[PDB]
Structure formats: C-alpha cells, structure tokens
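**Q** The chain contents come next:
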Amino acid sequence: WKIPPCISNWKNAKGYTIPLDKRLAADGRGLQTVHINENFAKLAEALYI
Amino acid sequence: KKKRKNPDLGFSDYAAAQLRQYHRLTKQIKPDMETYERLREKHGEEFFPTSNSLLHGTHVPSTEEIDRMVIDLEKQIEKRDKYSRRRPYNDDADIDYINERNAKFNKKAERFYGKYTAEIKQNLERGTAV
Amino acid sequence: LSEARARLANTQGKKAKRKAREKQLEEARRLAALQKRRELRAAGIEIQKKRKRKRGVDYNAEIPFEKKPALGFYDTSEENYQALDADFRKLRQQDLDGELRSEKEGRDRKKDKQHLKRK
Amino acid sequence: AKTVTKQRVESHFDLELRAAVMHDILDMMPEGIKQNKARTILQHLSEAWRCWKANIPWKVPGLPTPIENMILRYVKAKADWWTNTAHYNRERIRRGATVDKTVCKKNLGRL
Amino acid sequence: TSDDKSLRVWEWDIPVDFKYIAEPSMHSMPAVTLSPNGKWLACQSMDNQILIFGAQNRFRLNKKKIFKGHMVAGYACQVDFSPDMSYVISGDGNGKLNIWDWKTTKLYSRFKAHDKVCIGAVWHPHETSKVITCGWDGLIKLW
Amino acid sequence: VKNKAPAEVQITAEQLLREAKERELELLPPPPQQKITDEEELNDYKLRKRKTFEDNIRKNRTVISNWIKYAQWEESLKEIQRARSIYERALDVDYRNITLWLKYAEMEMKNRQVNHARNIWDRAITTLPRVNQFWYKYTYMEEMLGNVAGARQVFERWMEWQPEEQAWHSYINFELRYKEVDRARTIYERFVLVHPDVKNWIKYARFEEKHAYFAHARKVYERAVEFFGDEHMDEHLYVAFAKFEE
RNA sequence: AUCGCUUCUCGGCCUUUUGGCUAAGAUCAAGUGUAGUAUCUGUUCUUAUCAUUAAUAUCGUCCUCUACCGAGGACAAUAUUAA
RNA sequence: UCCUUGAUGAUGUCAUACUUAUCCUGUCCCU
Ligand SMILES: [Mg+2]
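Residue numbers (PDB author numbering), protein chains in the order written: chain R, 245 to 293; chain M, 114 to 243; chain L, 152 to 270; chain A, 669 to 779; chain W, 436 to 578; chain J, 179 to 424.
Treat the hints with care, since some could be wrong.
Derived DSBU-like pairs: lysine-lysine, alpha-carbon spacing no greater than 30 Å straight-line [stated by the list, open to error]:
1. W/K551 with J/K256
2. J/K224 with L/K168
3. A/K744 with A/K774
4. J/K199 with M/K220
5. J/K199 with M/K221
6. J/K247 with J/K237
7. A/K721 with A/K773
8. M/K155 with R/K246
9. M/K220 with L/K270
10. M/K192 with J/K256
11. W/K499 with W/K547
12. M/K234 with M/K220
13. M/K228 with R/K246
14. A/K705 with A/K773
15. W/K531 with W/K551
16. J/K421 with M/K118
17. L/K205 with J/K224
18. W/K541 with W/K498
Rather than coming from a laboratory, the hints here were simulated on the basis of the structure.
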C-alpha cells in the first residue's frame, strides 16, 4: 500500500530538477504499440499491378 | 555458552516496533529481591491485588526509584534518537539536484521508480541510443 | 551558460524573495534596537516604549490559551518542578535553540569528504 | 455563508471533488496503514486529469490498484462534468443566448 | 552612519549627500573609525565583523580585509589601529580585546581582560608601548 | 585573437547542475551569535519563539508535529506548565493520536513528575484502551518505580479487556521475573480459558515442563486433549504430548 | 564463544518531500541612452612579534569609629647591594 | 587564587565595461 511520488509533466511547484529517465517515465506512450494492419498490402499491390 | 540472533523485518506497524522495543527493555531490567520481599512482608494480603483492590492513589516512590526511572528513560530516548542512521555523503556521484530538498526528493524517486527506469538510464549514459 | 546556471539555481517567486530580505532587515533592526536598549540599561536611563496591537503581549504575561491538566486518582498538588538555571554570563541565542540540522550535517559531510579524500 | 454563484462554480467543484477523494482514501486504506499519503494521491488525481485533457495515456508503474481504480473513477466523473458543460455552453453560444466572453473562449478551448 | 543601515557621505556645510552606501546584507555600523593614514575606515557592524571601507575617493568596501574572531551581538564599540597601521584592536561585549594583524588579516592576539563588557579601546598615538581600554565595569585599563 | 578549434573538455549538463548547486542563491547565512544578558532579552527571545509557534498553530490548526515542536521547546527551558497547556490543547484537537499521549507522558516522566505522568497514563488507558502501547509503558513505569502491586493492578485492569497473546505473555513474564510460579499458573489458567488454541496449551504445558511440574503438565495434557475433542486437532498437540511422555 | 570501545560496509524508516482550480490560465525578443557601480588589473613595498637579581623596612582612593580633622585596615610600586 | 586551537604577494586605486523612476520601435557588408 505504498504510494509513489507524483512526478508531473506540467507542474513543478518548488522548482526541482528531476533526472530525465524519471521525467520521461510515461510508460503508456511507450507501450502504445502502433501496430499496422495487413490490408495495406492488398491495396498497395493492387495499385501497382 | 549461549547464542541468540535477533534481526528485524520491515516496519508493518507502530505496535510491532513498540513490542520489539518493550521486549528489549524488559529483558534488560533486573529486579532487586530485597525491596520486593520487604514490600511483600509489609503489605501482606493486598500485595496480590485485583482490579478493584484499594491501592490506587497511595504509592510514593523514594528518590532512588525515580532516579532509576529517569536514567532508564534517558537511555531509551537516546536509543530512539539513533533511529535513522545518516548515510555518508560521497560527492563523486554526478549530482542531479539544485537544492537540499531536491536531493531527498530524487532519492525517494530513485527508491520508487528506480526499478522501472533502468533502460532509459542506460540510454542516457550510452548516448541516448537503443 | 551563466544565465543557464542562474536560472537552474532559482526556485523562488518575487514574494518569497522580498520576504527573505524583510526577515534579514527585521534581524538587523532587532540588533540595532537591542544595542540601544542595552546601552540605556547599562548607563541607566529608563526610557519606555509604546506597543499598539490587540494580541501578542499575551504570551509572556501568562499562559496563552491555558488548559489545566485534567486531574484525578493521584494527589498532584505537592510536587513541582525545578526551573532552568539562567547562567547569563555564557548563554547565547544559539545555545537555547540548539544546533540547526544543516550545520551538523555540514560538519558531517566535511568529515566524510576529508576521510574519503585522504584515503 | 457565501453562496456559490457563477464565479465560484468551478473552484467549488474542485474543492468538493478533492474532499470526496479524501474521504474515500481514508476509508479505503486497511487497518494498519500509516495514515499519511493523502497529498500524494491527490497529486496523482491532478496528473490523471491533465493526462485526460492531454489525451496522454496515464499509467503510474507501481501504484496500488484500488488507488488507480478510484482515481480513474473520479477522473471519469470530472470528464463527464467538463464535457456536459461544454455541450450546454455550445448550445447557448449557437442559439444566441447570453454568454460571457470568457465562457466563449473557454468553450472554444474545450471544443 | 545611522540606525537604518546606511552611510551618508557629504561635503561640508552642504546638505545633500553625494554617496550613499547600503547593501541588504550589512546589519549595522554602530562605531566607525578612521586610519591615521586617512586611507581606511573600520566599522564594527552588529553582524559580528569589521568592515574596511576605502577612505580614498572610491568608498567601496574591500573583500581582502575582514575581521571575524570576536562577537558583538549588538554593542557599540571602538575599533582602533596601532599607529603605523600594523594592528587593529576591537573591544567587545565578552570583554576580550581582539588584536588582528592588518597586513596578514588574522587574529594575532586576544585578551580576556575585564570581567564585564568592554567598549572603547585606544592605542596611544605616540607610544607603541600601550593601549587604553574602558568598559562597563567602570575601570580604565592600560595594556 | 580568437581561435575556433575543436575542444577536449566538452561541458555536459551534470556539470551545469553541479555549478548551479554551488551558487547557493537561496541559502541564507545563519543568524549571528547573539549573546543574551539578563532576563529582559531572554523574555524577548521567548516572545519571538512563542509568537512563531502560535502562528504555526494558527494556520495548520491540526498537523500534530507543530504542537510537539512547541512543547519540546517549552520543556527544554523547564517551563513545563506551558507545555502541559500545549499538550492539553493538542489533545483537545486530536485525542486519538497516540504518539501525542506518549510525548506528554514521557515529558512528565522525564521531568520527575511521577504523579502527573501516572494521571496521564490512567487517562490514556481509559480513553484509548485498545492501544497496547499505553498499557505496556504504564506497567513498565510502575515496575521501574518499584510499585510492584501497582503494576499488578494495572495488569489486572488490562486483562479485563481480553487483549491478545502477547499481553498475557508479558504479564506472565512479569510474574516469573519476580517469583510466583503459582500466580503465573493462575494467569496461565485464565489465558487458556480466554484464548483456546492448541499453541497456547502447548506453551502452558512447556511452562509446566520447564519448571518441573510433570504431574501438573500431564494434568494439563489430559485436560487439553479432552477439551479439543476428536475431530478437529492438528498434529502439534499430540506431537508435544508424545515428546513429553518420550 | 561472550562483553565494551573505535574504523569501515550495508539494509530498513527515509509521502520528513513537490500543499488547489481554468482557456498548458494567457503571452513570448531588443536597442537607446547615461552615469554610476562593480570588477579586474597591475603598481608598490612582507616575514616577524619589543623591550637584572637577592635581603630588610614603610601621595591618591574605599570602608569603619570618635569629635573638615585624627586613628586603624586593604589596594596601587619604591629604596639598597651585587654581574 | 585564570584563561582555551591554523588554510600559499597584498592592498589600494584607477580605469573600463556593463546595465536607467525611463524611455523611443528597427538594418548592415562583399561574387
Ligand atoms: Mg514569475
């Protein structure tokens, strides 16, 4: 039940200096995983043919 | 020859630490039987009281008793004052803080998020690569 | 680079910055008034001063919002405490409040720096 | 007892949401937890709402799942509030009804 | 010099003051004395230090010379310099004279003379053999 | 003459951070060593400090540390009636905060006020009776003061509440610390009657072993294996009774 | 093996620490002048603290007593001899 | 019949450079 400290992307009330790995620990935009579909292939191939 | 090992686990409770502290203090104390049996022979039947006996508002401790109490309590206060041992301050680590509170916030951040932000640290040291 | 270091070190707004200077000036004017009052008490001149405020003199005059301790089952009227020894010929403002933490940890990090650098 | 009129509405909503979260985290923690840590969870709620407005996926790497679920709940509540207020104000600015210039700029910025 | 921590320098008999020196840092200047050469000033600031201000047209305090071996929390005092500008003697509340080497900027000697706080200290301008002090205890002493 | 040339040092961000921390543009100097004379100036110091603490109490209102700092400052100057007032005000604010009771009682113990502290412990165990800290420290104060019978009575008041395993063991260890294997046996009888568990009967039987009461231990064993029944028991009871008769 | 002291290492507490809101609340490049102030660079003068002994005897301030005066006590160096 | 601790020319004066109760609103140079 321990709560980690909030490191915000917006607010820095006491003007601290936070290490870059800590500052960019936004995992959701690293696990978002832009995954392509397989129907682009049919389109591209049919257009070249 | 005897042998005993007593380490501690984590915190978990302010009452478990109390109980550990109490067991330490209560093993350390040694009774003097002379005063004990003196008070026993003096008080007689009421030396083994119940909840509602009568003796609640009567006892007057002699100066040596209160001196022993105050000495014990000062030892206890000192042992409590040594609770957070100050870790030594090396200045060879590349500092990462512009302030004194900033350093302790970065330490708490390395406690909590140090297990996760370990690849990005490797990137930052190898030249923002991989 | 100089402006970079000066803007990295800053964490304070305007109002905190003026309050820090105001506290320094309060310390200075308190020492100056203390010098004047100590000279008057030394040579011997009983000039009094005013005070115009509602509260504030209630602190040394008596106990501020006094609660008597709730009493019972044990007589607590005879016993009383022994006051503090003045010793007004060694005593310092620093001596009452005690050493602030940054001084002690500065001495400790200095000792650590010496024992790391010499070894 | 000052009334919540028109210039106090958003501040009072944020004053009451934060108190509701205070009550819920006082009741959610189990029996032997140190009863600090309210301020930190409130900072996380602020951050989850800013990531909601930023359309940034919000995920704190270690965080207890009752706290994470409760923050997601109250962030969804404030999101419904923000969005329904934007719908109402846009219908007012469309129909020609009396609106402040500040709520015109606020409505543009929400939309 | 004034209770408000500033210095006012003036030409003689003219009201306006040409140079005004203040820094938020400096606590006060209850006593100020002028070197026998007419080149340097010495103030016993409340802040527990002695400040040297150039007598020379440029009234700018200089970092090189400073004195902080002695404590006057908040006492008026006299600072004097041994003729030939070899030494500076401060008298303090604690009662101990502080003798500094001007050239070398270091407390060379110290005395616990007086059992009550001591104010003015004068170096005899002609004789190098002695200085004269006074202080609350009501006695004038010669060292 | 300025020369463009590729360097060797190549300044980095952590060097900028190191040089920015060493500027010290928020670190004010400490106040000067100010020797205080006779008690006018001492009272002026006290006026400033009391004003500071009372102002911190005004804004925070709750925040129990503010009260503790102000009371510790009052106890350091041996003005402990002020601190009695401060702790009583703090208990008016929050009576359920247990370290506040602890600091108030340890001030009254520390300053040789046995009788005030004793009143405080009585009020503490009355208002917050399930806090075991209070009972341990009060029965320990009565033992350090030599009031054996007083600690007996406080332990009896504590056993009235049916606390837990460790409270009864601490009372038994108190008794055994002095003498009185018979009275510790009575407390053991009450303890097995108010905490029926296999490990408690095993511990009481181990007690009767270790003080050489093998007939009493066997009677405990025969009263335990009959009390538990037939269908419930795990190994441990019959394991310990087998090891005893072995 | 046990107890105490010291040096070194390490774990735990270390929310003791980021104390609201919105339309990220909004916005986002530059010299014109002086005198005045501050900082840096040279021009000039750094190495040490200074000056008989032994023996004997006894004007100023303060306190007390008696009727400004007298007496007693204490303190402040003085004299002689000899290298 | 006391009493407490050390960090390598300096210090002072003059000259030069950089920011206004205080305001005005933008252009050079070679193939
Ligand atoms: Mg600003």
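**Q** Please go over all the hints and tell whether each is borne out by the structure.
**A** Taking the hints in turn, this is what the structure says about them:
A distance of roughly 28 Å separates the Cα atoms of W/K551 and J/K256; the hinted pair therefore holds under the 30 Å criterion. A threshold of 30 Å between alpha carbons decides the hint, and for J/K224 with L/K168 the separation of about 27 Å falls inside it, so the pair holds. For the hint pairing A/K744 with A/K774, the CA-to-CA distance comes to about 20 Å; that is within 30 Å, so the pair holds. Taken as a hint, the J/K199 and M/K220 pair is honoured in the structure, with Cα atoms around 16 Å apart against an allowance of 30 Å.
The straight-line distance between the Cα atoms of J/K199 and M/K221 is roughly 19 Å, inside the 30 Å bound, and the hint therefore holds. This hinted pair checks out: J/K247 and J/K237 have alpha carbons roughly 15 Å apart, not beyond 30 Å. Distance check on the hinted pair: A/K721 and A/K773 sit about 16 Å apart at the alpha-carbon level, within 30 Å; holds. For a cut-off of 30 Å, the pair hint linking M/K155 to R/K246 is broken: about 56 Å separates their Cα positions.
Restraint check: the Cα-Cα separation between M/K220 and L/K270 comes to about 26 Å, which is no more than 30 Å; the hinted pair holds. Proposed proximity of M/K192 and J/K256 is supported: the alpha carbons are some 23 Å apart, at most 30 Å. Of the supplied pair hints, the one linking W/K499 and W/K547 holds, its CA atoms being roughly 28 Å apart against a limit of 30 Å. For the hint pairing M/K234 with M/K220, the CA-to-CA distance comes to about 15 Å; that is within 30 Å, so the pair holds.
For the hint pairing M/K228 with R/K246, the CA-to-CA distance comes to about 15 Å; that is within 30 Å, so the pair holds. The hinted pair formed by A/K705 and A/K773 fails the criterion: a straight-line CA distance of about 37 Å is larger than 30 Å. Distance restraint check for W/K531 and W/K551: the Cα-Cα separation of roughly 9 Å lies within the 30 Å cut-off, and the hinted pair is therefore satisfied. Between the alpha carbons of J/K421 and M/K118 the distance comes to roughly 26 Å, so the proposed pair stays at or under 30 Å and holds.
With a CA separation close to 19 Å, the supplied pair L/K205 and J/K224 stays within the 30 Å bound. Distance restraint check for W/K541 and W/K498: the Cα-Cα separation of roughly 14 Å lies within the 30 Å cut-off, and the hinted pair is therefore satisfied.
The earlier numbered hints that this structure contradicts are 8, 14.
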